[PDB]
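Chemist: Now for the letters of each chain:
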Amino acid sequence: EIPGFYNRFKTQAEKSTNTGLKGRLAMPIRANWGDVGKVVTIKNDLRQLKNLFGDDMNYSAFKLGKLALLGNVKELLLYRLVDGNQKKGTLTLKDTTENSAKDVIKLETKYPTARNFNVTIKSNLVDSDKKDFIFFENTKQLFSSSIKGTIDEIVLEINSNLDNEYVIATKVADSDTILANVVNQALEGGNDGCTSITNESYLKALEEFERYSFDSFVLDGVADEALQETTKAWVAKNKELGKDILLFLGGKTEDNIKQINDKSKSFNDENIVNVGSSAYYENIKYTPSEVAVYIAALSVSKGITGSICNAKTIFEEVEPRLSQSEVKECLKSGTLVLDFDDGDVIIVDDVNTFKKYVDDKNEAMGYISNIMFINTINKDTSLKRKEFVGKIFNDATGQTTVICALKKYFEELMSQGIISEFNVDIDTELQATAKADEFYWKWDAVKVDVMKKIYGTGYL
Amino acid sequence: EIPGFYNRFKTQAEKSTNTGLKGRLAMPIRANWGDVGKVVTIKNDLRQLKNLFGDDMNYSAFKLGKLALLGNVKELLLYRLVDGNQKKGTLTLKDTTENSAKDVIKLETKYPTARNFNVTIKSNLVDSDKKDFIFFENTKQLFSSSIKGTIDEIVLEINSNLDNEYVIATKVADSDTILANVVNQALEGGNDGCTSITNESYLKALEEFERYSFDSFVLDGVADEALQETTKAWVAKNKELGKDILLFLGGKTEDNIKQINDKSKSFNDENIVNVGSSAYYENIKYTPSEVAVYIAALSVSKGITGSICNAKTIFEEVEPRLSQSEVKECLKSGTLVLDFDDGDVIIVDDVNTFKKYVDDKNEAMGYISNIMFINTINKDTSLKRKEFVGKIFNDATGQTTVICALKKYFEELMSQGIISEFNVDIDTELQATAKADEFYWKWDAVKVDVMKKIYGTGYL
Amino acid sequence: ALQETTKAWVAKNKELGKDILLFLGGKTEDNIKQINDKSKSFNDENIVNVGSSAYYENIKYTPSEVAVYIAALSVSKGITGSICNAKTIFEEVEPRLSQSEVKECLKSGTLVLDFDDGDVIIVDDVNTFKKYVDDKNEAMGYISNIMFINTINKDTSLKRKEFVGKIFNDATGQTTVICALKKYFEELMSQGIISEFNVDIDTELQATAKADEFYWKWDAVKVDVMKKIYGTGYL
Amino acid sequence: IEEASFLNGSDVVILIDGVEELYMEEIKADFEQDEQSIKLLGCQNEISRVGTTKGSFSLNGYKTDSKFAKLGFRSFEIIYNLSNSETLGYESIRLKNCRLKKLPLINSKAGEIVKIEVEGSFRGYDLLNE
Amino acid sequence: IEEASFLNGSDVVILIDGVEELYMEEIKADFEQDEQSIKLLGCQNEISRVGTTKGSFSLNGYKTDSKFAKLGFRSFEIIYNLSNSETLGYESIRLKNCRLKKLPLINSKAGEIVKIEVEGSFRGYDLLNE
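Residue numbers (PDB author numbering), protein chains in the order written: chain k, 13 to 472; chain Y, 13 to 472; chain d, 238 to 472; chain W, 7 to 136; chain V, 7 to 136.
By construction, these hints were calculated from the structure, which means they are not laboratory data. Warning: the hint list may mix true and false statements.
List time: in silico EDC-like cross-link candidates among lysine to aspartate or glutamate, alpha-carbon distance up to 20 Å [said to hold, decoys possible]:
1. k:27 <-> d:437
2. d:420 <-> W:83
3. k:22 <-> d:256
4. Y:255 <-> k:144
5. k:465 <-> Y:267
6. k:465 <-> Y:392
7. W:121 <-> V:83
8. Y:391 <-> k:354
9. W:115 <-> V:125
10. d:419 <-> W:40
11. V:45 <-> W:97
Restraint-style ranges between C-beta atoms, simulated for each label pair [unchecked claim]:
12. k:355 <-> W:25: 55 to 61 Å
13. k:336 <-> Y:150: 45 to 51 Å
14. Y:13 <-> k:27: 28 to 34 Å
In silico negatives: residues of chain k with every beta carbon more than 10 Å from chain Y [what the hints assert, rightly or not]:
15. 15
16. 99
17. 178
18. 195
19. 323
20. 324
21. 336
22. 354
23. 406
24. 469
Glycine included, every Cβ here is placed at the ideal spot set by N, Cα and C.
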């Protein structure tokens with residue numbers, strides 16, 4: 013650019029998203045259009061989501077990504093999910109200079125899709141050699157330009173201009189012939205993307221989601237029992253490996269109150285969550301599995317120093333409803349249930365599927381907040397290997413540096429008020445029997461209490 | 013519009029309602045016509061009521077809504093009540109271009125009804141292709157327009173013009189044929205709306221009334237014992253859940269003085285009220301259950317800082333009448349009785365069905381004003397969860413902020429003169445034994461005294 | 238052809254940064270539909286057309302000639318003024334229209350004089366950019382707002398003669414920049430042109446800025462001017 | 007708790023009429039009420055209400071020029087920036103229509119460094135940053 | 007930053023009525039407003055305006071003659087020069103129509119050096135150099 017003022021009014025509609033966002037979320041989005049075979053890290057902004065994964069509400073990708081980002085997740089990791097048969101729309105242009113037409117350009121969708129992506133090509137009025145190339149999306153123009161009739165320039169402009177994000181042009185053969193005039197030709201040779209959503213395709217996506225670490229996994233709001241079981245085994249394997257993933261799910265609409273209670277009691281995992289109530293927002297319905305996307309997003313956004321026991325959810329109506337004794341029974345079974353406590357929806361309690369506890373374990377770990385808190389500690393202490401294991405000695409000096417670093421992490425953690433008191437010391441009982449390489453330590457903590465139940469005794 | 017003065021005289025008959033209105037009321041209106049399956053929030057203005065729920069006096073909807081709004085309720089929440097068999101009036105238009113006529117338009121009532129909603133269609137004199145479409149209501153014109161003979165334009169104008177509020181036109185099939193000339197064809201395929209008023213239909217409506225919160229519920233002035241019992245169980249369930257609803261009812265005309273006294277003593281609920289006296293206003297009779305609509309409306313309008321013990325009711329005559337000893341017996345039984353103390357009717361006392369008290373409870377709670385006052389406190393303190401539960405710590409700082417907020421609410425409440433003195437502090441006795449999450453507090457108050465009995469000793 | 242050439246000229250100037258408000262007028266041959274279509278053809282913020290001829294001192298002025306006086310009055314008002322219903326010196330105009338037809342013509346984006354009393358009065362202060370779209374606001378389709386935005390862009394753009402290449406890009410320099418811009422807005426607020434304003438650093442973009450670049454943002458709220466007045470009579 | 011929240015005097019830069027002032031020792035600025043006291047017949051405590059606001063500043067430093075003597079009693083502005091170092095946040099305050107109450111023409115002692123101290127009033131303030 | 011900008015009291019020479027004064031310890035001079043405060047009905051802050059200007063000086067030193075006692079209450083001038091050494095710049099201020107408020111006739115203590123302290127007023131000032 014050149015030195016000087018450049019005053020340029022921007023419309024007020026183009027507001028950026030909020031700033032109070034935290035945490036990371038995974039999303040195997042069933043996108044009709046988008047990036048196949050790779051995970052994309054969308055920021056707070058909704059703009060990359062719609063630019064990369066369509067604007068249509070019926071698309072699970074856009075709908076559930078909108079839910080997650082209204083859940084105020086800082087980074088939302090999207091992986092497009094398509095069937096194996098699903099492929100790129102493809103078309104070939106041809107010339108009319110010769111008596112018999114021949115292929116000179118192939119227009120393929122930039123990524124696999126079978127949406128209503130149409131093409132139109134005609135002669136340019138300004139210059140005879142030039143041609144006008146136009147692209148349509150559901151009868152909406154996307155790209156429009158006039159380029160010389162040479163196939164090289166046509167392919168160059170098509171692959172160069174950013175409005176051609178939905179198509180790649182590749183030169184079939186060297187030629188400068190005048191192209192054929194075709195009107196509203198749909199790119200074909202693929203599938204929808206939300207159709208033929210299969211277990212093996214999720215399992216591929218889950219393997220692609222093993223690239224990165226997540227505060228929680230959401231399954232992209234699909235209530236299939238087989239898919240829930242596969243993702244459950246996946247997260248269990250990850251936890252056994254050490255990667256902590258908090259899985260969020262939801263029941264179907266057919267399930268009655270007893271059935272959803274039994275489904276929740278069937279899950280007895282610390283890091284699995286189910287939503288047993290559908291919701292409505294902007295007059296559009298969300299099944300409990302779709303609502304689980306927003307629930308997971310808000311859980312991750314709160315992360316630590318927060319909980320979603322009675323958070324003010326954006327939803328304006330929910331179903332079904334229950335009495336206090338019945339809500340007690342449902343919570344004991346371990347179901348998360350939204351309630352319409354005032355004009356806006358409010359969660360009943362921050363509970364996970366591990367409400368069914370036993371005497372050898374404590375009751376505090378049956379809540380999502382405590383699972384996220386323990387997982388965050390185990391990760392954060394487990395993050396201390398990049399300078400620490402194989403790079404430190406096993407003498408008193410090294411052990412004291414270890415305890416100093418761990419105490420530093422706990423003290424900084426105490427600085428946010430998350431903990432009231434803590435202890436970190438050597439585990440002498442085990443360390444006496446330790447092998448030379450092994451180092452053993454122990455820690456205590458006391459989470460700060462948060463008011464949940466308040467009783468007022470009136471008089472007059 | 014365009015800049016300039018636009019002086020437009022408005023007739024004096026079109027006066028808006030008063031301004032001194034308060035409170036919210038529920039109304040399961042048995043409307044011959046109106047919005048089925050949804051609750052509508054009518055404002056102070058009577059105009060939305062008649063526009064949406066007919067102008068006819070025999071309609072329970074209009075009659076009782078007029079009572080409620082002369083009761084000066086700020087917001088009146090109406091839910092139309094119709095039987096399951098009750099449906100939309102429906103008719104089909106047909107063309108005469110061919111030898112055999114065929115359907116091209118269906119005219120269905122916008123909402124379920126079977127009123128005398130007639131249609132008339134004829135040729136347009138100005139243009140041959142145009143046709144005149146007219147709609148009648150009890151031999152009163154509603155809509156009139158001339159539109160091209162094309163079915164698309166006809167359906168568009170019928171669904172567009174606001175005078176077609178009682179009908180929707182839908183194009184059966186694509187056609188431009190000239191319609192048949194039909195004169196005064198009544199829409200059929202439904203029921204009245206005030207007929208076949210059944211318990212299950214109320215129970216649906218009550219579930220639809222669970223959408224929102226009400227200062228009081230009125231039952232729409234139906235004195236059926238089964239309906240009273242069902243609504244009684246409903247409000248009891250809501251109170252157990254925490255939603256406070258003040259139910260208003262009324263006895264039948266057949267009941268004698270002893271029978272109505274026994275009926276009132278049968279009800280021993282704090283938040284149930286019965287009217288045992290019918291009234292006449294504008295020479296039209298209202299049974300005690302219908303009068304209970306206005307009584308509830310005035311109770312809600314007064315809300316707090318008011319009572320209806322001897323309020324100047326609009327009614328100009330009541331029945332039956334009693335002596336002072338008999339009025340004492342009836343009030344002890346717990347019956348609300350209107351009296352014609354002067355040219356306008358006046359209530360005897362602000363009493364609820366819970367006059368029959370016992371030693372373990374106090375006498376002050378057997379009055380409607382105290383029930384509304386305690387309910388308002390319990391709600392207003394209970395409204396302090398949207399920023400307060402799950403979002404505050406359980407230390408001395410958090411507890412002191414809690415007490416500060418509750419004291420603020422009481423002090424603002426004291427500002428209206430509702431209370432003479434109050435106290436809000438920690439409940440130390442219970443708080444010593446509290447669990448870490450639990451917070452316990454207590455409060456005292458002294459309602460300001462209101463003169464009811466005045467004795468003058470004369471001398472000469 | 239001349240209108241098109243001057244249109245391209247002013248568009249080039251605006252792209253360069255020089256803001257010129259072009260004023261034009263239709264011919265006498267054009268009927269009401271033709272002039273409406275001509276106005277809708279122009280969809281530029283800084284182009285104006287007059288679709289009505291006038292007479293003054295018994296001498297006729299075609300709508301393009303009358304556009305000279307219209308532009309002159311627009312410039313004379315400049316800021317703190319508008320020509321929506323200004324008392325023009327002309328004593329007769331043509332052609333005339335009904336209120337619904339005036340509404341249609343204004344929606345098309347035609348400036349039309351009217352003989353409201355013994356002296357001529359403008360109908361509304363509208364430009365050819367009445368045809369707006371959702372991504373932009375409605376307020377910018379008026380001549381007053383175009384002149385106001387152009388005046389701001391120029392006046393802020395006049396702050397280079399001591400300011401660019403002559404100031405540092407540290408917190409002190411940026412704060413002096415914001416102080417000067419706030420001073421200009423405050424003096425602008427002194428004439429009552431604005432009810433409230435804000436001028437601050439554009440932190441979102443400034444975080445990603447290059448070392449030389451400085452990014453700022455501003456808000457304003459123009460004072461409302463009565464245009465429509467409705468009186469409800471009783472007796 | 008947090009050491010980083012504290013702000014030292016060394017993180018201060020002062021601009022007098024747009025040019026930085028480097029040889030200053032301390033600065034003060036207050037925006038004071040003319041608080042109105044109200045006593046009512048039925049009530050037994052005073053009611054206080056906001057009156058007209060006045061600004062007062064003082065500005066002590068070391069003399070290096072006759073800037074304030076030339077400046078006279080003309081109106082000027084003071085932009086005061088207090089920055090954090092451990093954190094990147096900063097406060098900026100602009101005092102408007104600042105005017106000296108008295109001119110420090112002469113102030114010197116036998117063996118001390120020549121210091122300059124001024125006081126004055128300002129109309130209002132803009133909290134530019136924070 | 008720059009060490010050289012600071013000015014010491016040792017770079018001071020004072021002229022009382024054109025003759026240099028050598029035995030002075032400190033000097034002060036201020037030109038003070040009678041600032042006028044304005045409150046307006048539509049506005050919620052005070053407006054300050056410049057009033058009449060008065061000069062006040064004080065001048066402390068060591069007694070070596072009865073110069074000020076002879077001088078009485080006659081009008082005199084004070085020329086104050088403050089020079090820089092590391093730089094060649096200097097300030098010169100001329101106080102005009104200076105007049106003593108009181109005569110230091112006697113000021114002595116038991117075992118201390120006899121000091122003289124005077125105060126007064128001046129009409130205006132000329133900033134000769136800077």
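Chemist: For each hint, tell me whether it holds in the structure or not.
Modeler: Hints and how they fare:
no. : hint                        : verdict
1   : k:27 <-> d:437              : 17 Å, holds
2   : d:420 <-> W:83              : 11 Å, holds
3   : k:22 <-> d:256              : 18 Å, holds
4   : Y:255 <-> k:144             : 66 Å, violated
5   : k:465 <-> Y:267             : 47 Å, violated
6   : k:465 <-> Y:392             : 17 Å, holds
7   : W:121 <-> V:83              : 23 Å, violated
8   : Y:391 <-> k:354             : 11 Å, holds
9   : W:115 <-> V:125             : 15 Å, holds
10  : d:419 <-> W:40              : 28 Å, violated
11  : V:45 <-> W:97               : 30 Å, violated
12  : k:355 <-> W:25: 55 to 61 Å  : 56 Å, holds
13  : k:336 <-> Y:150: 45 to 51 Å : 49 Å, holds
14  : Y:13 <-> k:27: 28 to 34 Å   : 30 Å, holds
15  : 15                          : 44 Å, holds
16  : 99                          : 37 Å, holds
17  : 178                         : 34 Å, holds
18  : 195                         : 25 Å, holds
19  : 323                         : 7 Å, violated
20  : 324                         : 6 Å, violated
21  : 336                         : 6 Å, violated
22  : 354                         : 7 Å, violated
23  : 406                         : 40 Å, holds
24  : 469                         : 5 Å, violated
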